[PDB]
Amino acid sequence: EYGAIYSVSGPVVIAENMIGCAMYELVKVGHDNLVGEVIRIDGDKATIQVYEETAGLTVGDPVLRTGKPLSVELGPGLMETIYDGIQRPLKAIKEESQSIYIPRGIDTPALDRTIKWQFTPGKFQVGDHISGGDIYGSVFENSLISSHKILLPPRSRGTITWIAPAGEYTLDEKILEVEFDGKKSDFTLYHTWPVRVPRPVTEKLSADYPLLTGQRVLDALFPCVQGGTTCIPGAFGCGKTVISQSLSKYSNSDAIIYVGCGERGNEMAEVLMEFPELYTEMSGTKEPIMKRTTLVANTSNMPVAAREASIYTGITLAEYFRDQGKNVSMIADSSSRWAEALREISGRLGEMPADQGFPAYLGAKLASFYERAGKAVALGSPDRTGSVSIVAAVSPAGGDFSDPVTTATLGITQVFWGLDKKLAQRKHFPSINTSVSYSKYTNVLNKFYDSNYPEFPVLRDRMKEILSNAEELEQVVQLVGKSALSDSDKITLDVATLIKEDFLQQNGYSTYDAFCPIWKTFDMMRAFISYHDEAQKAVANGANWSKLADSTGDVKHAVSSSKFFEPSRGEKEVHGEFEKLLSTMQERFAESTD
Amino acid sequence: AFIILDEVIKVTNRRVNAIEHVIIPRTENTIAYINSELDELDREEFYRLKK
Amino acid sequence: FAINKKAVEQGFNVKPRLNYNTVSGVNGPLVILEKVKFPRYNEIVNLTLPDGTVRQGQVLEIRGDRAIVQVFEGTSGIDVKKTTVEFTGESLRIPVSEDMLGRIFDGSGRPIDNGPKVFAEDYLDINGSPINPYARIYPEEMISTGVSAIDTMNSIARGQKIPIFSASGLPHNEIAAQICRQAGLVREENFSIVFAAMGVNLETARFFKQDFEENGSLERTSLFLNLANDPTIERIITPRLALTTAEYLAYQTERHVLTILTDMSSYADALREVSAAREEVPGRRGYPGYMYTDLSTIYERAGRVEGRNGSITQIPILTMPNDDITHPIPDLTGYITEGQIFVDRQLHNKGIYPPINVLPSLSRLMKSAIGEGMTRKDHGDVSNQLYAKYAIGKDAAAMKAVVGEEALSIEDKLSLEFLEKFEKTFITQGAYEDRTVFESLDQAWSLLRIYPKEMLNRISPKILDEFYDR
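Protein chains in written order, with the authors' numbering: chain E, 23 to 616; chain M, 155 to 205; chain F, 9 to 195, 205 to 487.
No lab work stands behind these hints: they were computed from the structure. Cβ atoms here follow ideal geometry from the backbone N, Cα and C, with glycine treated the same way. You may find that some hints are simply not true.
What follows is a list of derived Cβ distance ranges for each label pair [claimed, not checked]:
1) F:107 / E:82: 39 to 49 Å
2) M:200 / F:223: 34 to 44 Å
3) E:118 / M:200: 46 to 56 Å
4) F:232 / E:50: 52 to 62 Å
5) E:50 / F:323: 25 to 35 Å
6) F:483 / E:300: 25 to 35 Å
7) F:376 / M:199: 32 to 42 Å
The task is simple: from the sequences and hints, build the whole structure.
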């Protein structure tokens, strides 16, 4: 029934008279009912990790039980709002308290219980047979998402006995009754689910559709498939925020769940007041982005424990949205903070450490977490399809790539986007180390490419070899000089610099340089390769490249400035412009070289 | 003889300058890094034995 | 009135406190009690050594009916038969009031200026509480520090948290003094200062005091001094008191505070010191694992809020041990703070003051800071071009020193000349030489004209057409 506190140590609390307690069962402690999570059980006593500040607690305080694990409430209204690490709305807290801090022990419902939804029944009628995962009506949620499907929670099945009619309801109404052996079933517009148990699914699949990001280098050399995973190391100066924001903004996902585990916090306000005026035209037009997102914010200042449950909540919400058949795409902010929290809890608990003080099960935990991602087919009768594509962002301590967390992640993920520091210092803002960074979905994407752009794969390797040769010649020229350099080597170096300055630079502030469609990059890199090939052909035919380059002149400037073309002009007008530029460049090389 | 001596001395002098200004710093920084890592390992080993 | 009064009517609530005499253990900086009645985690106790002196401390652990008290001012001389521990029954708190301005306090916050005890307006827990992000607004206004190296390529916004990396034996103190002396806005003078120094030599303290005296600003600031001779454990308290006072002033009086911590390295050292006293798991270089969270707690009191017109700004000073960025202290500090200003040795060795380099410096809030209503559109592009040309000049100088002058293309020599002129004139400025953004940028334009117009890449054609000609 009740238990008394027996010992306290910062975030860990040990109670007694706790006999019926299970493991990982949720519990409320203190006179303010702080939330906890039992971890280890030893006779009467059971260790508890606390999810809030523990100051002023006194021995003898009553301890309660709930008998159910941690869970998050799904259903309509989840979206367009901001939640803390343990599923508490934040605007409601501030409004109700009229304060600026977070009052410890404050409780509010996960979803608004006052508003009403214009519900519509599905396609099932009394006397039919249903199983977990079948839709029984849609709900209007937003202009951007007209249909917010409601579902029968898994592990619940039977035959419907009574259903509600069309109309306006609050999510407390019991709109469906399921007749199993008994009539003990009622279902409102929402339900719950334990976070640590991944949602079921009919079966997984192979992802073969690129996840467009709007970044030239990312889309060109290290494509990311819609359904895979990635990793983005850094050195606290690489400015990885830019790519995260850009992909959260201009990607082609139906929904996105930004989650902040140990962030600077101010970025949350930045995104909060920045998104509300940035429109997307995926459906209809002009719909502001903020009607397409859900934020799980947990600043580094707030308690350590919540950094654990934050990512679980985010991934569970992503899975829920996927189950509706919408290709959601979650993105983390800092995985290293989660590992730090786990290490701190382990160390305080007083247990033997592992590599660099971390526990031993962190690798297994990371693998299990990452495994949840992947395209799949929903569980139900309508046979809808969805997908999830998480994008983590590790942050090492010394800025290198040898700490245990990064090594563990690289063994799990399948796309690696390393970020250099010096390139960022040079303001080459999309500073990606093109030497170590690698992708793995290259071969599979050929099925899409041949249908859409047959020549792209050969050209990417063309540029890759060009860059590799330039990097191989740089050290020799540095240690010796241009004295022992042939014309072809100088051509290679010049084109490598041209690429590094034009095809690899970007800035998400210029209107034209904020989002590069696939076709634009395709044509631009096509033009680059053609220019280099014509130069090589001419020099092979015979001419002093020092003389040839000055005559070539304006065409180099034209190819450099090609990126200035306004994206989304016609999608074919730009194609004609690229065709004309290529033709005139070829004519120039035909004559200027002569 | 003048031409040959000139080119030889130029080559050798530039090579010496390159060695002095590149190699030694590059290797000694790595030396320091390796020393730091090998000092780091023993710390956690000692912590574990103490535990 | 009545609203305020109701918040204070509970003062007349006298409550007797019981003092035990069962000290039954001691080792290191920790003291162990026994048979204590209903402990209370993280509260305050007042010891009384047998000679009558009294030291303070707070409980850190609560086993079954026994609290592990932690003492601030060492533990030597503690008796087991005569000492008497006493419990306040509440967490650590301090008085506050607008009258604290112009006063000097020791590490524990008691007055040391021969004045009377603060006539408190109310008490506040030192630790404070977090701020929900939904009630936070990032700033969009630029402060004008007068220092060209800052006010040109690394701007400061009212609400930012910009640390100043540094190395022992450099004039970071003078840079901080100049910044505080020239803390004006681009455009009253409400910039109260809560300077809080811990673990510093006497000369630094006296120099800071005299600098505040000369500018007629002492009557607008408060001082939290904690020299080296003071106990180490007490060190970790001062920044929390300073931040508590700053936030009180900036969120309950609508002031515009400007806090400048110093020597966070000493604070981290004290953390290591009384962290290895216990046997908690070590992080890197023997540092505690949770230093990241602790530093986040210290730093994450910044920015503006929804209702209050007040603001706040942090300029902590770091001391890299051996001039390495990869040291954990600067690593975490950069991970938390929003950009930082850096200092080099060779520039100082070259007699250049302020010896500030810009290649490793960074400031995130520049994007929101710069613009049209506050500066000319060119601002950002000028800075970007300066970065690019400076880096190219640096690499060209290195390569030239390697091989010689024969392979240096004309552009390479131009870059060398640009780098020389930049580092010799653009950065150098006097100890009392102000530079508003307009004149600084106008001077900056002079250096780029050496370059032929066409090569300038990172700058849009409009800026070149409308400004380069003049």
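Verification of the hints:
Look at residue 107 (chain F) against residue 82 (chain E): about 41 Å separates their beta carbons, and that is inside 39 to 49 Å. The supplied range of 34 to 44 Å is met by residue 200 (chain M) and residue 223 (chain F), whose beta-carbon atoms lie about 43 Å from each other. Distance hint check: the CB atoms of residue 118 (chain E) and residue 200 (chain M) are about 52 Å apart, consistent with the given range 46 to 56 Å. Judged by the Cβ atoms, the range 52 to 62 Å given for residue 232 (chain F) and residue 50 (chain E) holds: they are separated by roughly 55 Å.
Taking the beta carbon of each, residue 50 (chain E) and residue 323 (chain F) are about 30 Å apart, inside 25 to 35 Å as hinted. A hinted range of 25 to 35 Å holds for the C-beta pair residue 483 (chain F) and residue 300 (chain E), which are about 30 Å apart. Between residue 376 (chain F) and residue 199 (chain M) the beta carbon distance is about 39 Å. The supplied range of 32 to 42 Å therefore holds.
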